[PDB]
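Starting from the given sequences, assemble the full structure and let the hints guide the process.
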Amino acid sequence: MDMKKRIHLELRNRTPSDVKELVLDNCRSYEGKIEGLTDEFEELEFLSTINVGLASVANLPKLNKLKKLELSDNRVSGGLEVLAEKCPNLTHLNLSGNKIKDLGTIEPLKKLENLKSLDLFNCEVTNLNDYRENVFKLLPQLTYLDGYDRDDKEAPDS
Amino acid sequence: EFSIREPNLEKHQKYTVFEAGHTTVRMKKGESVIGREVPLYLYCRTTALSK
Amino acid sequence: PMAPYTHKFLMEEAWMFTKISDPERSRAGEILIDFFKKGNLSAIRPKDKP
Amino acid sequence: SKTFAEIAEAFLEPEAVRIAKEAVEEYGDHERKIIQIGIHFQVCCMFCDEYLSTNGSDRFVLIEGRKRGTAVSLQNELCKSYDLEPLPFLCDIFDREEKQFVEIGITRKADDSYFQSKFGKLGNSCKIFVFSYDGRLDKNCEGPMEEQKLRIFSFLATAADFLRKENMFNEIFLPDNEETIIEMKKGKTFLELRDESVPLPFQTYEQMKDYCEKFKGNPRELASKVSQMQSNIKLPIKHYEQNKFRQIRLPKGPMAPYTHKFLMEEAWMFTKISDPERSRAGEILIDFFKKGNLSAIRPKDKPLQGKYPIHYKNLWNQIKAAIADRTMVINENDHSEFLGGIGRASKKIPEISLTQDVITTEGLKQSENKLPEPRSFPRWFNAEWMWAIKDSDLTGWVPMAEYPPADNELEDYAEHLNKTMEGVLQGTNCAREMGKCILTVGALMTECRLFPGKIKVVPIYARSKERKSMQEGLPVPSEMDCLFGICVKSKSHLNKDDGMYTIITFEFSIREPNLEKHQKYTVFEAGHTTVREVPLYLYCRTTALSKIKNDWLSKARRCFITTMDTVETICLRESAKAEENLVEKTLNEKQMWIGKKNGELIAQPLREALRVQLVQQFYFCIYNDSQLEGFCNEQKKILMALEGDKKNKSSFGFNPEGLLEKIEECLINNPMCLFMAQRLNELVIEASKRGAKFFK
Amino acid sequence: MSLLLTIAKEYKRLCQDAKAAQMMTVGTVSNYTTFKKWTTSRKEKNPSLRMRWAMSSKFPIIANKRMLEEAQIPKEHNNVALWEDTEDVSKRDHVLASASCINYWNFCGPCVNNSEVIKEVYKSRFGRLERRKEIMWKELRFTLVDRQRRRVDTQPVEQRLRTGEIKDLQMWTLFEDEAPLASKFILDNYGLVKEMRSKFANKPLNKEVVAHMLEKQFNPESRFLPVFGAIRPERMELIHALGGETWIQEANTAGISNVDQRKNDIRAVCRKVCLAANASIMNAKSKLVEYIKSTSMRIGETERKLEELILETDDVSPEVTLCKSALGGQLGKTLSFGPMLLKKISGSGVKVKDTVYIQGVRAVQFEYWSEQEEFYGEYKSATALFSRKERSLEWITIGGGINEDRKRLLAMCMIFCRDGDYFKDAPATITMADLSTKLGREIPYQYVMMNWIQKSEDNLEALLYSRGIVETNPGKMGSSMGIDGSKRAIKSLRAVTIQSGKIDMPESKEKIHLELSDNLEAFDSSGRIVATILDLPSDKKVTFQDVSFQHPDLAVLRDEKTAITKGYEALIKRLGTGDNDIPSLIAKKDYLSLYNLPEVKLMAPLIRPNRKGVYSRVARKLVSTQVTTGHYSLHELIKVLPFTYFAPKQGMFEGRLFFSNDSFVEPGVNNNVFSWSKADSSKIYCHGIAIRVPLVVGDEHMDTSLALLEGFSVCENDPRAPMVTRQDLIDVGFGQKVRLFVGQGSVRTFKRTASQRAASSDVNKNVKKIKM
RNA sequence: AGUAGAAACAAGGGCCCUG
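As given, the protein sequences belong to chains A, B, C, D and E, one line each in that order. Just so we're aligned, residue 1 is where the first sequence starts under PDB author numbering, counting upward by one. Just so we're aligned, residue 508 is where the second sequence starts under PDB author numbering, counting upward by one. Just so we're aligned, residue 255 is where the third sequence starts under PDB author numbering, counting upward by one. Using PDB author numbering, the letters of the fourth sequence correspond one by one to residues 2 to 532, 543 to 707. Just so we're aligned, residue 1 is where the fifth sequence starts under PDB author numbering, counting upward by one.
Derived from the structure by calculation, the hints contain no laboratory data. Incorrect hints may have been included.
Claimed, not checked - Derived DSSO-like pairs (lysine-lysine); straight-line CA-CA distance at most 27 angstroms: (1) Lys293(E) to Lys683(E); (2) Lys20(A) to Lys589(E); (3) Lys765(E) to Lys128(D).
What the hints assert, rightly or not - Some chain E residues near chain A, calculated using beta-carbon distances under 7 angstroms: (4) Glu700; (5) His701; (6) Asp703.
Positions of the beta carbon are idealized from the N, C-alpha and C atoms, including for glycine.
Now the structure itself:
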């Protein structure tokens, strides 16, 4: 469909200032660009955008109370510093299914001191040597990676 | 041949590549097994041999 | 330009489907047919444009 | 399409189609009504819907599709069994849970008129339902089942969309009960005429129609009239072998003079090297002017031949002056006005302002058209033809594009052959004349488009490239700009195609003229020029052109196409009969007759005979007129008869003398026709030594 | 927006006038088309001339003005003009310009983000290019060619359609907002439309161009041309570069476009079903129609109905003809007598009776035609032109290239004309058993002799000997045929002519509506037979790929998988409109009433009994999760519902859901038992069989009103109901009414209630109830 | 003047414009 209509539909007369969750999976966004998002969404604490032909994060507005994001199945690559500019209170992140080549693209995420878990699956970076260890040495605050902590400690349900 | 890793233009020059739907990957989850779907690629190539 | 891949098969970028081994069907003509029965190959439908 | 049945089959079931077809056949009505009936029938079907009653039996019974007698029989049977009153008229369906017939109607008009007529005709006896293609319903009782309504309205919507798409959503195909008689509104005047245009024996269209609709064949009278007409005719049949072809009688009088605007053989040119920066004409005409040779010229007041020499001299002086001013423009004086016909157009006189005294004052009779006058055979044509066969000391006279890449043997072969032919042809003299015409006509067309109502100055020039010697000496031969003379236009106000804009031609030559050939020119003795020194002449004349001749002369590269076609055809035919590459051999070996010398025939390989065909096509492009058209159209019969003679096919004809007359009628003051006719006579003569059907 | 307001102001100003008002008020909208012609009418005789006469000017082109200002297109860039402020006489909103402007735009003008969409717009020509690049050329040779003329197709095209099926397709992809009512071709071919829409949606494009290109993408250009060698569209598109009358550029082009495989598969399926129906004795007609409509096949990615492809193809085979006849499909005037092909050129006639004695005295009636007629005939690599006259072969000419083909064609022609003494006194070898009636179905002596020839070559030799033999006269040596099929001999057959060079196939753009009998023999408004079931190969076994024989008789599966499939079918049929169905319950979020459906109660016995509770738990869980929110996938509930009938329990769920027959389905991944794709969301594949899901509701994937049209229907117009758009159409309640705008100049009233049946049954039944 | 053909042009509209 289109993120615009999808959003206008999810907003069943509700103001964009009292919601705590949103989902936009199986949609489309022209030019891989956000469309319909604003700073009006303040109480939002979760977001899910999956398989929407996304390629970048540039129109994403400032969301502080947000603490979990999902961008899988898209082809984003390179833009990972806004997260500090827009969502510095973020804790859970997921990027499995996107275009990620090296670690220099990952370095900005160190500034997300509130980060706890990250999910990278099916990406090129995973096909390197000593990547989990090097990443942990890069992002020390982090504890979970793709659902597994140091020593391969399976993470709980929730 | 089958693969789940998109190619690079340099190393893969003699290969003709396609995209054949998707597949599944299996990994442990506590005391059970799960399945995570991924894409799938098809690597086509011609070559000769001898006795 | 860089030297390209030369070997016949793939080493690192490979992938494989699995199944249980039957000593009564331990031959290529049989293994291939069995792999084909469950229909995972028939699902392989490459698009026109590469 | 192609029949109403195939159309109905688009959105209907073929079963109901066949049903309604058999029905109209029963009533023998116009088959344009196949649609309405089928629709009604299908509705009835989908109205039954295989519904059932409390007793597990069918609820509705269909009667429309049945024959009329059988339908009435069933109607009475049901009215009797269930103890119902017999209806006066027939119905379409009957129900059992209510035990009363039901009638269905349909219409397109969004109004109750049809339902009002039906309700008046039947009052409230039974249940009536009329639907509308646009979603309306009129009835006399409770509404039908929902599903029925949905299923009916959807079908009707689809059908209406289809019909509107086919333009058949009109009263014609969907009439009401009354408007079922469509007919041409035969008026009064049309009938008055039709009864007047009838053949003689009849006097009213009714008699003719009755005679034609009942006409029977009587072969005997037909054969008798055939033989009778076959006896009062006496169609002559003439086998050519017995009745031979006489020679053609050319006209008599003076000789046909030069007609082409530019000189070909007598032309002299000044050459220089071309710089890519200065490439336009208005520039080269100055470059050649600075060195002083163009200005060294200074003719005298005493012409060898011609008329109005003073005007020509003054015009040349004005041309030189304008060139000196760096402006290719000329002023309007008496001389140019005369040699430009600037004031020549006649002054109109309306008839409303006319009277007999005016006529008697100055005779105003109907113009007496002075058709062209005859001429004789030109003796200078063979000279030009032989001169246009030799090289010109240069090549690249005619511009050509580049050759694209190649991937298969076919394109390689094509490129090789094309290169051979182009290299052979680009070196001749006819080629430089073609390039001259191309470029000069392009410049003149541009000027006529941009600077009308203004006398301009345009050169007669061309561009070429010196031939390629061996690697020795100076390599990479250079290019060259050549100038043969000057041209001038006169107010090309081309209001309409086929118009005329007079021009003038100042050309350079080193060969004295002939009265017969250079009749129209007005030559002057200019001076001397180098090579040693030699005298100089200045051929001058006047002529005109039009849009069409400009466009066609600019497109003078077709001769290459024709020649290549002929040659490649010959070579491929010779190569196929032997299944081997025989092209170079066919070009270097196969001999073609060209002409006669010392009473004997002459021959040379095709590689050198291509030039004859090329010159032939060029002349066809130059001297083209109605005369040459008719001639070349009427000569084919002679060639076909010749071929028949070569193969011993006993040809025949009805009236060859008339053919010869038609041919000789279009031979007037056009050199090409005369030359080719004399050559055709010589052909038939030379063949009489080897064939029949020709007299000497 | 403001533009909309401007359009309204312009409409107002225009209605203020009287003539414009009269014309916009009177008549319907179709008048527009007419008005489109009376304006801007001007032609020219020789556009070349006027083009050289105009381009010689300063500003010969027109162009928009505001587009130039917005694009910042200057004037007199480098002392060279580009345009000047003026107003053309016709447009009044365009300005003169020069061709230089066209370069100035191409070199320093506004650039769009991407333009690869072109490759889709002109897909046919890029396909031409690719097919060309994948060729391996070969040597060139010179020789004469036997180029036969005939009607063929030059444009390779997949899913060839009609014109009425396109005028609609050009709308649902591009200009949907003004789309007409949904036609059957749309509801059937949903995935096709979805595909064509995914590419040309939310894009800056000129749409008329796209429509024209789609017409070309669905048009096989049929031409009457000379041809040599094989016949395939892949070649005819470049025949100009393969060979002429005197030359040939050899090249291999066999492995491209995979066209003829589809046709041979179709013909094999047709043969199969024809034989099947022939197995019957009294209803082969209805049996065949049922087998047809109960069958489908895949084309590339999409699944198409057989009866739909059959009415689009043009394969003149004795199998396709029968089918196209059963479905009332019109066709050409082409005959078929066994493997050969025939076509009538001229003449007439009528049936006549005659008899022959098989062995001793055994009278058997055989018919012939009593008049003169002329026929063209085409067998493998062989052509012929002959004439029949009162049970005799008057003359015949041949232009083939083989002796065997030339003898077989001659023999079949002689048979077709009943020429010879055998038809007067049959041979002893034949008997009453070989006569006819394998199981009761008679056989005319014609096809009898046919099979008698196909049996042994010596029968063929004897038949040829039945034709007069004489001594080869002088001169005719070249135009003579021996018994072996030699171009010359000392003694040759009677009334025969040979020659090098095939015969030019005739042509006629005619159509005829024929019929057939209960014995599968078609007739054409006369006693002539165009096809039958004796003219095809006897039988053969084949394994068809990507096909759906959803019919009991045409099925090989056992009662178990068939029961599973029928249970799924029944469970899907509850996907319609009305309460008690799954859509209304989902809308009401009554995830519980689904567990109590009767269909799950009928499929329960098939569940593995030792673990039915555990699976049930998982299923119910998933359902609630999907139902409570609204983010559900209709293709998973229909799969997991059959397990929710029992009571939940405790246990370890491995990941699979087994039935009682060691066949499972997995919730999220496609398998042999239950598969589907986001591309074609209107199909469900179970055990290879296909199932068509109705279009009543649309989940996250489906993203238009196309998925709702099978839930709506037309009803009596009601001015009270509101008027809404095509997007708010999803927010209505099942059973409600609403007014709406359709296509152009048309308003109607719709209701979200479906109608299960189609006209095929409600007419046929009521008809059969009339022949009694 | 001249062109060409089997009749037309050799400017036309209002001192100004135009093919």
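Hint check:
1. Using a Cα cut-off of 27 angstroms, the hinted pair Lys293(E) and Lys683(E) holds, with the two alpha carbons roughly 17 angstroms apart.
2. Proximity of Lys20(A) to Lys589(E) is assessed by CA-CA distance (about 22 angstroms); at most 27 angstroms being required, the pair is judged to hold.
3. Taking the CA atoms of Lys765(E) and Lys128(D), the gap is about 24 angstroms. The hint holds against a cut of 27 angstroms.
4. Restraint check, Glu700(E) versus chain A: the minimum CB separation of about 4 angstroms is within 7 angstroms; hint holds.
5. The criterion of a C-beta within 7 angstroms of any C-beta in chain A is met by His701(E), whose closest approach is roughly 6 angstroms, and the hint holds.
6. A cut of 7 angstroms between beta carbons decides the hint on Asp703(E): the least distance to chain A is about 4 angstroms, and the hint holds.
When each numbered hint is compared with the structure, no violation occurs for any of them.
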